[PDB]
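To start, I am sharing the structure in question, which I have written as structure tokens.
Note that this complex is displayed minus one protein chain, with the remaining chains in position.
Letters A, B, C, D and E name the chains as they come in the text, with residue numbers starting at 1 for each one.
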Amino acid sequence: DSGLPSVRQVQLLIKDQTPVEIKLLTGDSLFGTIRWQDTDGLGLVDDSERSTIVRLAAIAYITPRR
Amino acid sequence: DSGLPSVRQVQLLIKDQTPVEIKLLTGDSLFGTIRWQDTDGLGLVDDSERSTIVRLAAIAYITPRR
Amino acid sequence: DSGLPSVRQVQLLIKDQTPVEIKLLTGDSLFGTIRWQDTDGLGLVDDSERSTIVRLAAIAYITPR
Amino acid sequence: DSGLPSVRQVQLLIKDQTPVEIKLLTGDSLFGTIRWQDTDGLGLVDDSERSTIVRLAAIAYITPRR
Amino acid sequence: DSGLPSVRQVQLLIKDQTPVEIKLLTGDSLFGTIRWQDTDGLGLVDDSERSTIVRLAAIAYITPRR
Partner (left out) sequence: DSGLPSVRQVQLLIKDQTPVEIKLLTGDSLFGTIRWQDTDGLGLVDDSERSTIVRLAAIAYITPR
């Protein structure tokens, strides 16, 4: 029962540590878990524990990796 | 006078569970059924319940698959 | 004199059911008749009576054919 | 002495009927004269007197054609 | 506390008439000297006074030519 389903769904991905693919508007993808989100970006961690700050305006979609 | 037709037309697609193609600004398409929308995204599900969060700013168009 | 010429010009295309080309920021175009507009999208109906919701932010230009 | 030089410069291009190239974010260009502008778009006319509504958010730059 | 550094750094480029490269989101670059900026655009002039209006939203980066 959420009025902000995009935010709620990303907060579930954070809590669950769901592996995701983030397709960027470059056509390329990142893969990892989302550790935080705000109105401008998200924090992604990858399989080597490398941190990335992703701009939300650069994201096409977020889909589970597995 | 019939405001918010973009929202309302997507809500009809949700209600009817209409299979759609979503063309993204990358030139690639996604296929599924829309389950929700908000100001920033929509939730697209495939044939077996995997949910993708699509950013609206990344969408070129939404059309039923025919 | 219309102070909202983008809106006015699209409204004339809707009223007249003028066929158009819509060039998208993907570089590809759609062809059809515009049926409605709002601040986020427009409704394009092609020749197969396929209804498409086009995001305005994704449009490069609209030209009557 | 304008606080809105982008708008003022486009209004000069309109008044002067200066031929321009409009480079779009697709990488492709349009060529013609600008007949009107607003906060969302501009109206371009081309050498065959074909009218085009251009979205400003799709424009990379506007430069004189000659 | 030093706010508006993007604006102020471009104003320094204007003041000094610094030749720049402007990389656009199309992947192509423009070259010239910046003469003005506002909220939506900047004016770039080449070696012989032709002025191009560059939309800021279409800019990836601005850097001096070296």
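In the analysis below, a residue touches a chain if its C-beta (ideal position, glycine included) is under 8 Å from a C-beta of that chain, and two chains touch if they have at least 3 such contacts.
Interchain touches from the omitted chain, evaluated on the whole complex, reach A, E. Listed residues A:10, A:20, A:54 or A:62: the one in touch with the omitted chain is A:54. For chain A, the list of residues touching the undisplayed chain reads 24-28, 30, 36-38, 40-41, 43-44, 50-55, 57-58. Against the chain not shown here, chain E presents residues 2-7, 9-10, 23, 25-27, 56-57, 59-64, 66.
Basically, only the chains that are shown with their structure count from here on.
In terms of their C-alpha centroids, the spacing between chain C and chain D amounts to 19 Å. Taking each chain's centre as the mean of its C-alpha atoms, chain C lies 33 Å from chain E.
We define each chain's centre as the mean of its Cα atoms; on that basis chain B and chain E are separated by 38 Å. Residues of chain A in contact with at least two other chains: none. Chain contacts here run in a simple line, from one end chain through to the other with no loop closing.
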